[PDB]
Amino acid sequence: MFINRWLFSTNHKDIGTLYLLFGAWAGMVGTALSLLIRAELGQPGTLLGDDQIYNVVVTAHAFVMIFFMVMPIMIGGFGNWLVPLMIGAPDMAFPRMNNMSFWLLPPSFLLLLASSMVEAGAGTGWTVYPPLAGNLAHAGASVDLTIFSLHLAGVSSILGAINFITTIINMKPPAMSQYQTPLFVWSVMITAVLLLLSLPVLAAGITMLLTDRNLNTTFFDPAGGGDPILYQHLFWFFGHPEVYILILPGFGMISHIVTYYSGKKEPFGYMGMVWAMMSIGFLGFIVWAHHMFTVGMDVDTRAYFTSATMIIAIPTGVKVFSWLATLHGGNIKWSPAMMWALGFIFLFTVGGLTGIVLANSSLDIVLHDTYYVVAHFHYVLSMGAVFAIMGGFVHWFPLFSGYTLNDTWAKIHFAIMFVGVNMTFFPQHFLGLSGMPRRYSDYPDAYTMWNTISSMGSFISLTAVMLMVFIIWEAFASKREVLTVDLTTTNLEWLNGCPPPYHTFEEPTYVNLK
Amino acid sequence: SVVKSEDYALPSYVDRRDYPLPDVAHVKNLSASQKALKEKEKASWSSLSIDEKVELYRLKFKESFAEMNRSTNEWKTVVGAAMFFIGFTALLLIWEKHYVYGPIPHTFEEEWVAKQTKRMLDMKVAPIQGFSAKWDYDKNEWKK
Amino acid sequence: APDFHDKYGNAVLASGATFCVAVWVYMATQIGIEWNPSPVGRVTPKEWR
Amino acid sequence: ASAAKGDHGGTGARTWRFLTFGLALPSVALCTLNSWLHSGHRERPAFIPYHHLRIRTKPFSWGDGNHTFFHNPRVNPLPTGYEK
Amino acid sequence: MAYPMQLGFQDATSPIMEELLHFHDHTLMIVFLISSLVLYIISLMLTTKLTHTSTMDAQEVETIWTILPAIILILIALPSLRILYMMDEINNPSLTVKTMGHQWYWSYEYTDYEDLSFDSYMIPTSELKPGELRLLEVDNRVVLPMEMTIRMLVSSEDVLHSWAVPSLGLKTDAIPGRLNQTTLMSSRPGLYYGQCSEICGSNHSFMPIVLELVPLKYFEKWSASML
Amino acid sequence: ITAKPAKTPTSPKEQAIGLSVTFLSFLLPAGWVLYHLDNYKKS
Amino acid sequence: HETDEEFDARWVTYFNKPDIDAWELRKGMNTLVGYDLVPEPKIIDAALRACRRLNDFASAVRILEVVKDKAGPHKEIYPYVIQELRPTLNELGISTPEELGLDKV
Amino acid sequence: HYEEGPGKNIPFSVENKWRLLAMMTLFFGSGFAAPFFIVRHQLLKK
Amino acid sequence: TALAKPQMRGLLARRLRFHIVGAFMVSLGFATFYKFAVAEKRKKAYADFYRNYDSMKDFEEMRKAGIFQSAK
Amino acid sequence: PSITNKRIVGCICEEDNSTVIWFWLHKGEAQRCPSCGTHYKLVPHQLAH
Ligand SMILES: CCCCCCCCCCCCCCCCCC(=O)OCC(COC(=O)CCCCCCCCCCCCCCCCC)OC(=O)CCCCCCCCCCCCCCCCC
Ligand SMILES: CCCCCCCCCCCCCCCCCC(=O)OCC(COC(=O)CCCCCCCCCCCCCCCCC)OC(=O)CCCCCCCCCCCCCCCCC
Ligand SMILES: CCCCCCCCCCCCCCCCCC(=O)OCC(COC(=O)CCCCCCCCCCCCCCCCC)OC(=O)CCCCCCCCCCCCCCCCC
Ligand code: HEA
Ligand code: HEA
Ligand SMILES: CCCCC/C=C/C/C=C/CCCCCCCC(=O)O[C@H](COC(=O)CCCCCCCCCCCCCCC)COP(=O)(O)OCC[N+](C)(C)C
Ligand SMILES: CCCCCC/C=C\CCCCCCCCCC(=O)O[C@H](COC(=O)CCCCCCCCCCCCCCC)COP(=O)(O)OC[C@@H](O)CO
Ligand SMILES: CCCCCC/C=C\CCCCCCCCCC(=O)O[C@H](COC(=O)CCCCCCCCCCCCCCC)COP(=O)(O)OC[C@@H](O)CO
Ligand SMILES: CCCCCC/C=C\CCCCCCCCCC(=O)O[C@H](COC(=O)CCCCCCCCCCCCCCC)COP(=O)(O)OC[C@@H](O)CO
Ligand SMILES: CCCCCCCCCCO[C@H]1O[C@H](CO)[C@@H](O[C@H]2O[C@H](CO)[C@@H](O)[C@H](O)[C@@H]2O)[C@H](O)[C@H]1O
Ligand SMILES: C[C@H](CCC(=O)O)[C@H]1CC[C@H]2[C@@H]3[C@H](O)C[C@@H]4C[C@H](O)CC[C@]4(C)[C@H]3C[C@H](O)[C@]12C
Ligand SMILES: C[C@H](CCC(=O)O)[C@H]1CC[C@H]2[C@@H]3[C@H](O)C[C@@H]4C[C@H](O)CC[C@]4(C)[C@H]3C[C@H](O)[C@]12C
Ligand code: CUA
Ligand SMILES: [Cu+2]
Ligand SMILES: [Mg+2]
Ligand code: NA
Ligand SMILES: [O-]
Ligand SMILES: [Zn+2]
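Residue numbers (the authors' numbering), protein chains in the order written: chain A, 1 to 514; chain D, 4 to 147; chain K, 6 to 54; chain T, 1 to 84; chain B, 1 to 227; chain M, 1 to 43; chain E, 5 to 109; chain L, 2 to 47; chain I, 2 to 73; chain F, 50 to 98.
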């Protein structure tokens with residue numbers, strides 16, 4: 001049975017669980033790689049050795065947190081758990097295909113871990129730019145194994161997107177229009193269209209790099225007429241869309257949590273939040289050259305990308321100001337998960353502006369390849385995308401398990417993590433102003449104090465990560481069974497009991513046409 | 004009182020200021036005596052004791068509004084335990100310095116900083132605001 | 006009864022904040038971590054020739 | 001430059017209105033603003049009596065017969081130079 | 001160069017970089033605002049017992065929520081685009097130095113008049129002369145004449161580098177087979193430091209830049225003394 | 001969220017263990033790689 | 005979409021329904037605490053009297069608890085409401101939270 | 002049909018909390034141990 | 002003695018309409034503070050520095066100090 | 050119509066409304082939506098032969 005239940009599954013819930021587990025393990029590896037980074041920078045001089053071994057660690061840290069932690073939990077975990085229960089569907093359009101999207105991910109990881117143990121590992125950065133990533137500087141299997149990680153990891157994603165979109169479009173109650181599906185449901189649909197359209201061009205680019213290293217093409221080799229910059233475009237054509245992928249479902253959860261814990265029966269401005277993400281999606285595709293402002297491109301182009309990158313702030317504003325209105329005259333219940341959402345709203349808005357800075361080709365001249373950039377995207381990812389994750393996880397843990405966590409403990413967790421990521425990253429704003437470059441094992445004497453402090457923060461964030469492993473145990477150890485849940489009348493997921501049965505909606509919901 | 008898992012599908016009771024009259028009573032099942040108070044509730048309400056009034060209130064509802072809305076000392080435990088775990092976190096840092104982290108470079112010894120500092124004022128590092136501008140060149144000392 | 010936060014709230018709050026202040030001061034001031042503070046009005050410039 | 005919204009699987013009249021107000025007119029206003037920021041009397045070209053321009057093989061059937069229909073004396077020469 | 005505990009930008013040695021500081025000063029005025037209005041309004045909503053859980057109407061407030069930020073954004077762009085076109089501009093340069101990036105040093109070519117070329121490595125910590133700035137000092141400096149318009153062409157003979165001098169407001173990528181043009185104007189003389197701003201392999205950290213600006217007449221001799 | 005009582009209550013003492021074991025499972029091996037660092041380089 | 009006099013009227017009418025049932029009694033109280041307003045005493049009257057029809061003393065207290073709550077920090081509202089209601093209160097022997105001791109922690 | 006209800010819908014067992022601590026110890030700990038033993042092996046070659 | 006009828010409607014409306022001004026004020030007065038305290042200083046400090054600047058007297062003291070390779 | 054003693058009903062209380070009201074429906078008296086008070090009644094049957 002066990003082999004039939006977990007290896008062979010066609011259960012949208014049992015598959016969600018597999019992802020929550022995979023993405024939890026990934027996080028452990030992601031954390032270690034991030035601690036190592038700040039071990040090396042926490043005092044002047046050299047700890048591991050040269051920039052090489054350092055950048056294999058930096059690079060790996062990026063792929064694991066992005067591709068094996070944030071997308072696997074957020075899309076595959078919470079997707080596969082919540083989506084079908086929010087639209088009263090019994091499972092996913094393509095449940096067999098759903099499971100291959102899972103089992104393609106261990107492999108994908110193992111090729112990544114292989115890469116770091118073959119030759120001197122692939123310290124190329126997560127951008128994998130030729131000619132460093134090419135067969136003369138990075139001769140060996142490392143960079144090939146990394147390209148193969150991404151191929152499998154992009155097949156998982158694209159197959160999983162086909163599944164969600166076909167599920168959310170096709171398998172609602174007949175009476176239900178798209179305009180009466182929850183915000184999460186919307187977030188995931190949009191996030192699957194971004195995946196569907198961007199990952200193919202990512203794959204195409206890393207395919208030309210394989211055939212430059214192995215089959216004697218010259219796509220990115222000036223010797224044969226090629227252009228290294230061509231690669232930057234195809235990758236960033238994917239790579240902006242990749243980040244609105246990583247936040248959109250966070251929008252989703254955050255719209256949910258702030259609504260449920262303000263005691264409101266729907267979030268403020270439903271259709272506003274629909275227009276917002278369909279915009280953020282759309283404009284997220286027409287901005288990719290803001291990652292390439294020091295490559296030497298025509299001034300008329302650079303000013304378009306500046307201006308286009310900044311339009312995104314209006315629809316993102318609408319969402320910030322909505323959540324805040326969803327709190328207005330709420331009956332605020334001060335749970336851990338409300339704390340996670342509240343933090344999101346302010347540290348996302350910090351990071352969000354620090355990137356409107358970056359929108360200006362002018363400044364990015366000086367801010368490009370400094371920590372200022374690292375600071376921007378650790379506020380939106382570490383202090384947004386992970387806050388959504390811990391928020392959601394905290395709010396929905398009893399639905400998956402049937403047990404409660406200890407809320408005191410779980411605020412003690414929020415408390416320490418808050419102090420850790422802010423002390424980690426608030427000083428990185430100062431470093432990049434003072435012009436500390438990225439991707440350096442060692443720094444000029446000047447930059448020491450902030451680098452000491454930044455790394456102290458990364459040791460507080462570790463206490464957090466260890467506490468959360470002991471808080472998951474306690475709850476299972478203790479086995480306090482959920483009895484009753486509020487606000488069920490507007491939150492269909494909670495209607496089938498914690499945890500809900502293997503087969504849900506075996507008999508579909510009644511919804512009539514008025 | 005006692006609630007079962009199995010009846011997630013049935014209207015449940017809850018204390019909530021935005022839902023002050025919930026879907027069911029707190030006490031479903033009445034003793035002999037409780038039945039005869041419910042009987043007294045069909046007559047004039049002036050013919051009830053205070054004792055007899057409190058009891059009727061506690062059958063239909065679990066916690067009072069003032070009870071459901073009372074503040075705690077969670078924060079004491081939440082702030083002080085955080086400050087213990089942030090404390091712990093230094094023991095790792097002290098361990099790291101003592102056993103892991105080698106000796107730092109010689110360009111950090113008192114001597115070098117002093118020579119390197121003047122060398123920097125000698126090339127007028129940041130002379131409009133940041134460094135050399137915080138130095139008096141006539142009196143030959145940091146500005147007051 | 007009174008709850009965990011009544012019985013122990015102050016103990017936890019008092020003894021955390023204290024153990025926190027002690028080890029951090031100590032770790033900042035007593036093990037020879039090099040902070041490299043601004044030399045301004047501190048270091049006395051010396052000739053380097 | 002792509003598109004990414006994801007089927008608005010409800011009712012037509014409503015979705016085309018969403019699109020009218022959320023996309024169509026927003027972009028007509030962004031575009032108007034981008035000309036209300038580029039518009040102006042940009043400075044008029046030096047005159048050269050290039051023979052492959054200001055062609056008169058036959059008078060026009062109006063004015064003195066030497067002036068185009070949407071003529072603009074500020075920017076549009078005759079064969080023999082600007083007016084004024 | 002950057003000094004201990006530094007909060008903000010290096011001091012503007014070139015006017016363009018000055019222009020950035022004041023522009024940067026503008027953008028942070030608004031950042032400091034939106035961050036405070038959001039932190040304030042958050043606390044406002046959370047610090048009342050009075051309630052309103054019944055359905056609420058958007059249209060009229062969602063108008064303020066768009067038309068204000070669209071103005072706030074022209075306000076930022078209007079100068080951002082001025083300063084960007086100002087970086088192009090029909091300038092008249094008197095000197096053309098080409099720099100090449102290598103794994104892991106920088107070579108220089110002054111080839112207007114003569115065939116003057118040389119490499120530029122980092123002083124290993126062990127060999128710094130007391131006073132010398134760890135990870136920043138180079139054996140052979142880029143001597144440039146101060147107070148004149150200079151044309152720098154950047155390329156690399158191997159991986160990607162980035163040619164980067166914060167204090168002057170310069171950073172241009174070295175792309176093999178590609179000659180990228182920037183322009184260099186020091187308002188002052190002195191020593192002006194920078195580092196590789198693209199990951200190029202084992203010693204990316206350790207391949208810095210140092211400009212030496214000096215008069216024209218102390219330059220022409222330095223040129224002739226290097227051939 | 002209303003819950004039952006715990007079926008297998010985890011006393012303080014039991015909590016103190018789980019905390020002790022969990023902190024060590026991360027801390028101990030990391031320590032043994034980071035402590036023997038010097039040794040790895042002389043090769 | 006209506007004046008305040010219509011609102012106050014519309015709700016009093018709801019609560020002076022004589023074959024009002026307890027599903028309708030709970031509905032209207034749980035609908036009404038939703039709005040940015042403490043109800044007029046003439047509604048608290050109408051409701052307190054729909055309880056009497058329904059032989060539910062309990063809910064008639066809870067209603068008075070909810071008045072004091074919808075007010076929040078405006079301390080002077082509840083005392084004025086409890087003046088305007090004093091008649092209906094001693095008519096029906098409805099005792100207030102404060103009297104039954106259910107304002108004690 | 003597979004087991005329904007709390008502690009039944011996972012691929013591990015929560016039937017005894019001290020085997021469970023051993024299980025979470027390995028699972029999470031192995032994953033955090035991994036980068037370190039990988040950095041070791043890269044220094045231990047050349 | 003009877004209590005007089007207080008304001009009973011749109012209590013939360015009133016609270017917001019009052020404080021929305023208070024947040025405009027805080028922010029917009031943090032606006033002024035930054036102009037005075039920082040921006041208008043930068044412009045005053047660059048203008049004051051460059052006004053009576055002889056780049057040859059800079060070069061000269063730098064040359065005597067032994068910093069340059071091109072200028073002994 | 051249901052094959053069991055309960056089935057989940059969703060109530061779109063007014064056209065175009067963004068929020069469906071959900072609740073369990075039981076064999077018995079009719080049940081009213083807790084939003085608009087619309088009435089619903091369970092009608093057991095089967096699908097054997
Ligand atoms: C407050 C705004 C926060 C803004 C921050 C935003 C950005 C950062 C995110 C930061 C967001 C976190 C904000 C925490 C404030 C919560 C306090 C509270 O209202 O307590 C909650 C209450 C709930 O009360 C009830 O059981 C029901 C009553 C109804 C709700 C009560 C409050 C409603 C408002 C009424 C106030 C009274 C009128 C005052 C009138 C107005 C006064 C002027 O429980 C209690 O009695 C006490 C239990 C609290 C336990 C959690 C402590 C939080 C620790 C977090 C530390 C992080 C930083 C590191 C620190 C430790 C390391 C050193
Ligand atoms: C624990 C973490 C570490 C924190 C770091 C504290 C630093 C302590 C050290 C000594 C500290 C002395 C000065 C205190 C101000 C520190 C930061 C600042 O404002 O510095 C200004 C600028 C740099 O500007 C400069 O050019 C500095 C000029 C300073 C002149 C003032 C007069 C002289 C005193 C200052 C000395 C330097 C003067 C010489 C220099 C002259 C010119 C460079 O920094 C930046 O651009 C930073 C970019 C971050 C933007 C994030 C948005 C805000 C998030 C939160 C908002 C709500 C609050 C809730 C907040 C809650 C969330 C956080
Ligand atoms: C009869 C023989 C059958 C033969 C078949 C095989 C043997 C079966 C046993 C015999 C059959 C009898 C039935 C077993 C009863 C349970 C006993 C048990 O505890 O047995 C233990 C079993 C099963 O172990 C697991 O399931 C793995 C989890 C380990 C426990 C940690 C708990 C996690 C806590 C955190 C959760 C919070 C988040 C989620 C919270 C949400 C809650 C829903 O051990 C194994 O034999 C491993 C088998 C693999 C199963 C799938 C695991 C999913 C892999 C995830 C990716 C890993 C990352 C690496 C990636 C790759 C990189 C290299
Ligand atoms: C979840 C991840 C995430 C998110 C959400 C964002 C959000 C944004 N990012 Fe960022 N970004 C990254 C992840 C993210 N980014 C990563 C990983 C990189 C680096 C890749 C690498 O180089 O390694 C990067 C790099 C990056 C660069 C390149 C910098 C450089 O390489 O030098 C730029 C330039 O424009 C940029 C811009 C933006 C903008 C405009 C937003 C906007 O979406 C933010 C908009 C939101 C707000 C502004 C706040 C809410 C709005 C309001 C409250 C309205 C009022 C506002 C105004 C009036 C202005 N990002
Ligand atoms: C999701 C992406 C993500 C996340 C979360 C992080 C988290 C962190 N990062 Fe990373 N980082 C990047 C993506 C990310 N980073 C990228 C893309 C780069 C650029 C890479 C390049 O240059 O090529 C980068 C670069 C980078 C640098 C610069 C490298 C250099 O230039 O030298 C540094 C330096 O300190 C750093 C530190 C940290 C720290 C301390 C954390 C900490 O904040 C993390 C603390 C730990 C956690 C947040 C754990 C969370 C775990 C879970 C939530 C799992 C549990 C869930 C369940 C059980 C369901 N990061
Ligand atoms: C960038 C920052 C800018 C900030 C934007 C600021 C906005 C300014 C608005 C100020 C007004 C405050 C309104 C909110 C409080 C609730 C109002 C309310 O409760 O109003 C009810 C709303 O319900 C109905 O109709 C249904 C329709 C609802 C209409 C009321 C809600 C609109 C406002 C909500 C948005 C909150 C956002 C704040 C945080 C961002 C209507 O009831 P009545 O007609 O009987 O009232 C009559 C009262 N008289 C006689 C005194 C006028
Ligand atoms: C160099 C090596 C790199 C690695 C590449 C190899 C990776 C994977 C190879 C394995 C793929 C072959 C196995 C067969 C998969 C068929 C899936 C399928 O065809 O799935 C169908 C739905 O997909 C549909 O139509 C729509 C989707 C059809 C897609 C078909 C499978 C795609 C596999 C290749 C993906 C490449 C990505 C292209 C874009 C870059 C059916 O859905 P099921 O849930 O199955 O059943 C549901 C039942 O109701 C059916 O009766
Ligand atoms: C915003 C979207 C608009 C796209 C349409 C525009 C297409 C072509 C316009 C070009 C016409 C001019 C032709 C002669 C000039 C050469 C082309 C050119 O201008 O572009 C060159 C090649 O890029 C290229 O077309 C790149 C190749 C085209 C890629 C287009 C990008 C979008 C692709 C995704 C679309 C997917 C949709 C599905 C397909 C139907 C690159 O720039 P250079 O010119 O080398 O600059 C040299 C410098 O010295 C500048 O001074
Ligand atoms: C400074 C470092 C030291 C650590 C600081 C302390 C950390 C956290 C401990 C938090 C203590 C509990 C918090 C109070 C309330 C929530 C949890 C709780 O105490 O557990 C209650 C057990 O009850 C009961 O006393 C029944 C009996 C069981 C009591 C459970 C708690 C006892 C042990 C707590 C102390 C742990 C010591 C840890 C030392 C490492 C159950 O929860 P309720 O209160 O019924 O409500 C929660 C709702 O979801 C259910 O409807
Ligand atoms: C960044 C992630 C982790 C940061 C915080 C880590 C703190 C480390 C916890 C302790 O771990 C270490 O403890 C000892 C050192 O104090 C090591 O003993 C070493 O040293 C002893 C004496 O010095 C020997 O006797 C032992 O066998 C051994 O070699 C031990 O092996 C190692 O696990
Ligand atoms: C960057 C890319 C070329 C990719 C490549 O060289 O491989 C080109 C293709 C089409 C270009 C765009 C289109 O030509 C239309 C616009 C023309 C304007 O002069 C600049 C912005 C403008 C929006 C262009 C920006 C940029 O140069 C684009 C996006
Ligand atoms: C028509 C459409 C959908 C509403 C509905 O059909 O239910 C609504 C919802 C979101 C609205 C937009 C957003 O609310 C944001 C903008 C708000 C401004 O006041 C008008 C333009 C603005 C761009 C709106 C246009 C239109 O009113 C939209 C697009
Ligand atoms: Cu050369 Cu980095
Ligand atoms: Cu981007
Ligand atoms: Mg770059
Ligand atoms: Na280092
Ligand atoms: O971004
Ligand atoms: Zn209804």
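For the record, the hints were derived by calculation from the structure and aren't laboratory data. Heads up, some of the hints might be wrong.
Computed spacing ranges between beta-carbons, pair by pair [unchecked claim]:
1) E/80 - K/15: 30 to 38 Å
2) D/75 - A/346: 18 to 26 Å
3) I/39 - L/28: 50 to 58 Å
4) T/12 - A/334: 40 to 48 Å
5) I/39 - B/226: 16 to 24 Å
In silico DSSO-like cross-links for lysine-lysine, where the CA-CA straight-line distance does not exceed 30 Å [stated by the list, open to error]:
6) D/31 - F/55
7) D/121 - D/146
8) I/42 - I/58
Idealized CB from N, CA, C, for every residue including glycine.
Hints, one by one, checked against the model:
1. E/80 - K/15: 30 to 38 Å: holds (36 Å)
2. D/75 - A/346: 18 to 26 Å: holds (25 Å)
3. I/39 - L/28: 50 to 58 Å: Hint holds: Cβ distance 51 Å, inside 50 to 58 Å.
4. T/12 - A/334: 40 to 48 Å: holds (45 Å)
5. I/39 - B/226: 16 to 24 Å: violated (44 Å)
6. D/31 - F/55: Judged against 30 Å, a Cα distance of about 22 Å means the pair holds.
7. D/121 - D/146: holds (15 Å)
8. I/42 - I/58: holds (25 Å)
Comparing the model with each numbered hint stated earlier shows that hint 5 is the single one that does not hold.
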